[PDB]
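Student: Okay, here's what each chain looks like letter by letter:
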Amino acid sequence: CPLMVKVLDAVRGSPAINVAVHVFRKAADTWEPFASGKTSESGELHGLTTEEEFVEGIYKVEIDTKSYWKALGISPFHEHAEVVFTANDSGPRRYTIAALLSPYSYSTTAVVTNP
Amino acid sequence: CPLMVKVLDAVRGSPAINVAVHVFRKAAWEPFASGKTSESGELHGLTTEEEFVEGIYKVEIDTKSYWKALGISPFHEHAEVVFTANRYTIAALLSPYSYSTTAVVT
Amino acid sequence: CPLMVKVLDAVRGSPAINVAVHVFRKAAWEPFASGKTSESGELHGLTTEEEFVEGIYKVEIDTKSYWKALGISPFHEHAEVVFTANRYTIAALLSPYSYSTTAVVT
Amino acid sequence: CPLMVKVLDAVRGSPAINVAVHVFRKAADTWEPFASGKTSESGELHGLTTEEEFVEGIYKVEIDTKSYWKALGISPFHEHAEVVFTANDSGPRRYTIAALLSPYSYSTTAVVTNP
Ligand SMILES: [Ca+2]
Ligand SMILES: [Ca+2]
Ligand SMILES: [Ca+2]
Ligand SMILES: [Ca+2]
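Protein chains in written order, with full-length UniProt numbering: chain A, 30 to 58, 60 to 145; chain B, 30 to 57, 61 to 118, 124 to 143; chain C, 30 to 57, 61 to 118, 124 to 143; chain D, 30 to 58, 60 to 145.
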């Protein structure tokens, strides 16, 4: 699994469950859809892509924080958290993008490994 | 100011100086405002009360150029940052492989 | 000031007002300075250039009392925060189950 | 496993490997040693304690960031990151403490589950 996403909720002290994650890749010209999914009961999203699909490029991972907070009855500030990075440029790597969410703040970090 | 940006470096423990910041507003992204961080890591003067209407905004901080100037290989292209406005300070704390961003209303 | 503390609330998007802050210095923890956050979430006036010598300091922010006043059940007792000093701003961003803290030197 | 700790490195984009973690419990009078260990190659520390040992109380988890950064040739600011919470007060829970480290900043969050 070359691209994994893990999301935690700083208001509830829990995994962020059933949060939508969309991945786009930058096109020749615009953001083209690449892969999407929803976080699990552990806050994790595995199975986005495959080694064969995951080419070099500039990717955007957008986590739908607005829907997540609204469904919980919380007022979100950010529409979404938008993590943008160059992948695979010096060869294939495995990436984990972790995100910690609050209504008016988020943080995100990357773990990169060389398989 | 209706909108202020502050950028801090978590590796060196210093303000992030001369970092480019662009703000965009969602149209029916229209560039909306931009500048470069001061010696204090702050950017004031972006907009006015008149122009800053309710809507969806994106603040994008060119973190990649900042790290490269320092000789450090960064992960991200930029710390974007996207919110609905319904006085705002947007703060960003930068590391090579992480960032956090927060909004404060005064 | 040699030492400033700022506290922000990540749930409400506001400065954290009237939060108690205690600073301690490691002895051969001696209370060193303390106060309460202003309407801006800031605490100035903690110490002087004379008293603030190199050493190991702990800044402890009473986050539990802040959340309880708001009617929110918090995880932490306090966001402590412990560093070696060799002008410092200590910033803390608070959520019920998380905090982050950063130091900036000017 | 009622108490787990996971640590990531924001400078390197990696797990924080072989970082010392000490847990103390507040005593009747002072911090009494409770449990300690080192993070794994995945940045995780399992096996700190057992359900039988983990009683209600005020715990301090101290992560030795100073040694970790010094061994990597980086200048640390914080001596250590000191996470302090009441545990088990309304009954036993499982706790994960996650920490993201940089030289001049750290964040930490809790995931609490009711087994
Ligand atoms: Ca290439
Ligand atoms: Ca309106
Ligand atoms: Ca000295
Ligand atoms: Ca009890």
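Some hints here could point you the wrong way.
Listed next, with one range per pair, are the computed distances between beta-carbon atoms [what the hints assert, rightly or not]:
#, chain 1, residue 1, chain 2, residue 2, range
1, B, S66, D, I88, 32 to 42 Å
2, C, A57, A, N47, 23 to 33 Å
3, A, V85, C, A57, 53 to 63 Å
4, C, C30, A, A101, 16 to 26 Å
5, A, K68, C, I104, 44 to 54 Å
6, C, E86, D, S97, 37 to 47 Å
7, A, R124, D, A57, 43 to 53 Å
8, C, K68, A, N144, 24 to 34 Å
9, D, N144, C, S97, 44 to 54 Å
10, D, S97, C, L102, 30 to 40 Å
11, D, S70, A, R123, 12 to 22 Å
12, B, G77, C, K68, 40 to 50 Å
13, C, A117, D, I88, 42 to 52 Å
Cut-off 25 Å, straight-line C-alpha distance, at most; resulting in silico cross-link-like pairs (SDA-like, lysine to any residue) [to be verified]:
#, chain 1, residue 1, chain 2, residue 2
14, D, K68, D, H110
15, A, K55, B, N118
16, A, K90, B, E109
17, C, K96, C, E81
18, A, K90, B, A101
19, D, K55, D, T79
20, A, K68, A, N47
21, C, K96, D, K100
22, A, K90, B, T143
23, B, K55, B, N118
24, B, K100, B, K55
25, C, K100, C, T143
26, C, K96, D, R54
27, C, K55, C, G87
28, D, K100, C, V40
29, C, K55, D, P63
30, B, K100, C, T143
31, A, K96, C, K55
32, C, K55, D, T79
33, D, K96, D, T143
34, C, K100, B, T143
35, B, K90, B, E62
36, B, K90, A, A56
37, A, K55, A, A101
38, A, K55, A, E82
39, C, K96, C, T80
40, A, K55, A, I104
Hints in this document: simulated from the structure, not taken from any laboratory. Even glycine gets a Cβ: it sits at the ideal position worked out from N, Cα and C.
Student: Would you mind marking each hint as holding or not holding in the structure?
Tutor: Hint-by-hint comparison with the structure:
The beta-carbon spacing between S66 (chain B) and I88 (chain D), approximately 48 Å, falls outside the hinted interval of 32 to 42 Å. For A57 (chain C) and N47 (chain A), the Cβ-Cβ distance of about 54 Å falls outside the hinted range of 23 to 33 Å, so the restraint is violated. Remark: the range hint 53 to 63 Å for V85 (chain A) to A57 (chain C) is upheld by a beta-carbon distance near 60 Å. Hint check: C30 (chain C) to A101 (chain A), Cβ distance near 44 Å, so the stated range 16 to 26 Å is violated.
For the hinted restraint 44 to 54 Å between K68 (chain A) and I104 (chain C), the CB-CB distance of approximately 28 Å leaves it violated. Between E86 (chain C) and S97 (chain D) the beta carbons are some 20 Å apart, a value that contradicts the proposed interval 37 to 47 Å. With their beta carbons about 48 Å apart, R124 (chain A) and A57 (chain D) fall inside the hinted range of 43 to 53 Å. Taking the beta carbon of each, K68 (chain C) and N144 (chain A) are about 50 Å apart, not inside 24 to 34 Å as hinted.
Under the hint 44 to 54 Å, the C-beta atoms of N144 (chain D) and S97 (chain C), about 26 Å apart, miss the expected range. Range check, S97 (chain D) to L102 (chain C): Cβ separation about 37 Å, and the 30 to 40 Å hint holds. With their beta carbons about 21 Å apart, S70 (chain D) and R123 (chain A) fall inside the hinted range of 12 to 22 Å. Remark: the range hint 40 to 50 Å for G77 (chain B) to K68 (chain C) is contradicted by a beta-carbon distance near 32 Å.
With their beta carbons about 27 Å apart, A117 (chain C) and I88 (chain D) fall outside the hinted range of 42 to 52 Å. Among the hinted pairs, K68 (chain D) with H110 (chain D) is consistent with the structure: their alpha-carbon atoms are about 14 Å apart, no more than 25 Å. For the proposed pair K55 (chain A) and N118 (chain B), the alpha carbon gap of about 31 Å is over 25 Å, so the pair is violated. Straight-line distance between C-alpha atoms of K90 (chain A) and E109 (chain B) comes to about 10 Å, which keeps the hinted pair within the 25 Å bound.
For a cut-off of 25 Å, the pair hint linking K96 (chain C) to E81 (chain C) is broken: about 30 Å separates their Cα positions. Of the supplied pair hints, the one linking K90 (chain A) and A101 (chain B) holds, its CA atoms being roughly 23 Å apart against a limit of 25 Å. For the hint pairing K55 (chain D) with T79 (chain D), the CA-to-CA distance comes to about 16 Å; that is within 25 Å, so the pair holds. Proximity of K68 (chain A) to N47 (chain A) is assessed by CA-CA distance (about 5 Å); at most 25 Å being required, the pair is judged to hold.
This hinted pair does not check out: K96 (chain C) and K100 (chain D) have alpha carbons roughly 32 Å apart, beyond 25 Å. Restraint check for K90 (chain A) and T143 (chain B): the C-alpha separation of about 31 Å exceeds 25 Å, so the hint is violated. Pair hint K55 (chain B) plus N118 (chain B) holds up; C-alpha atoms about 14 Å apart against a cutoff of 25 Å. Restraint check: the Cα-Cα separation between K100 (chain B) and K55 (chain B) comes to about 30 Å, which exceeds 25 Å; the hinted pair is violated.
Distance restraint check for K100 (chain C) and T143 (chain C): the Cα-Cα separation of roughly 34 Å exceeds the 25 Å cut-off, and the hinted pair is therefore not satisfied. Restraint check for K96 (chain C) and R54 (chain D): the C-alpha separation of about 18 Å stays at or below 25 Å, so the hint holds. Distance check on the hinted pair: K55 (chain C) and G87 (chain C) sit about 7 Å apart at the alpha-carbon level, within 25 Å; holds. Proximity of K100 (chain D) to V40 (chain C) is assessed by CA-CA distance (about 35 Å); at most 25 Å being required, the pair is judged violated.
Between the alpha carbons of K55 (chain C) and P63 (chain D) the distance comes to roughly 19 Å, so the proposed pair stays at or under 25 Å and holds. A hinted pair counts as satisfied when its Cα atoms are at most 25 Å apart, and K100 (chain B) with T143 (chain C) qualifies at roughly 22 Å. For the hint pairing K96 (chain A) with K55 (chain C), the CA-to-CA distance comes to about 44 Å; that exceeds 25 Å, so the pair is violated. Taking the CA atoms of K55 (chain C) and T79 (chain D), the gap is about 30 Å. The hint is violated against a cut of 25 Å.
Simply put, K96 (chain D) and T143 (chain D) have alpha-carbon atoms about 30 Å apart, too far for the 25 Å limit, and the pair is violated. Distance restraint check for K100 (chain C) and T143 (chain B): the Cα-Cα separation of roughly 22 Å lies within the 25 Å cut-off, and the hinted pair is therefore satisfied. The suggested pairing of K90 (chain B) with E62 (chain B) holds, with an alpha-carbon distance near 10 Å, which does not exceed 25 Å. In summary, the hint linking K90 (chain B) to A56 (chain A) is supported, as the alpha carbons are separated by about 20 Å, within the 25 Å threshold.
With a C-alpha separation of about 30 Å, the suggested pairing of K55 (chain A) with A101 (chain A) is violated against the 25 Å cut-off. Between the alpha carbons of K55 (chain A) and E82 (chain A) the distance comes to roughly 17 Å, so the proposed pair stays at or under 25 Å and holds. Straight-line distance between C-alpha atoms of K96 (chain C) and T80 (chain C) comes to about 28 Å, which puts the hinted pair past the 25 Å bound. Proposed proximity of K55 (chain A) and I104 (chain A) is contradicted: the alpha carbons are some 32 Å apart, above 25 Å.
In this structure, the hints that do not hold are numbers 1, 2, 4, 5, 6, 8, 9, 12, 13, 15, 17, 21, 22, 24, 25, 28, 31, 32, 33, 37, 39 and 40, in rising order.
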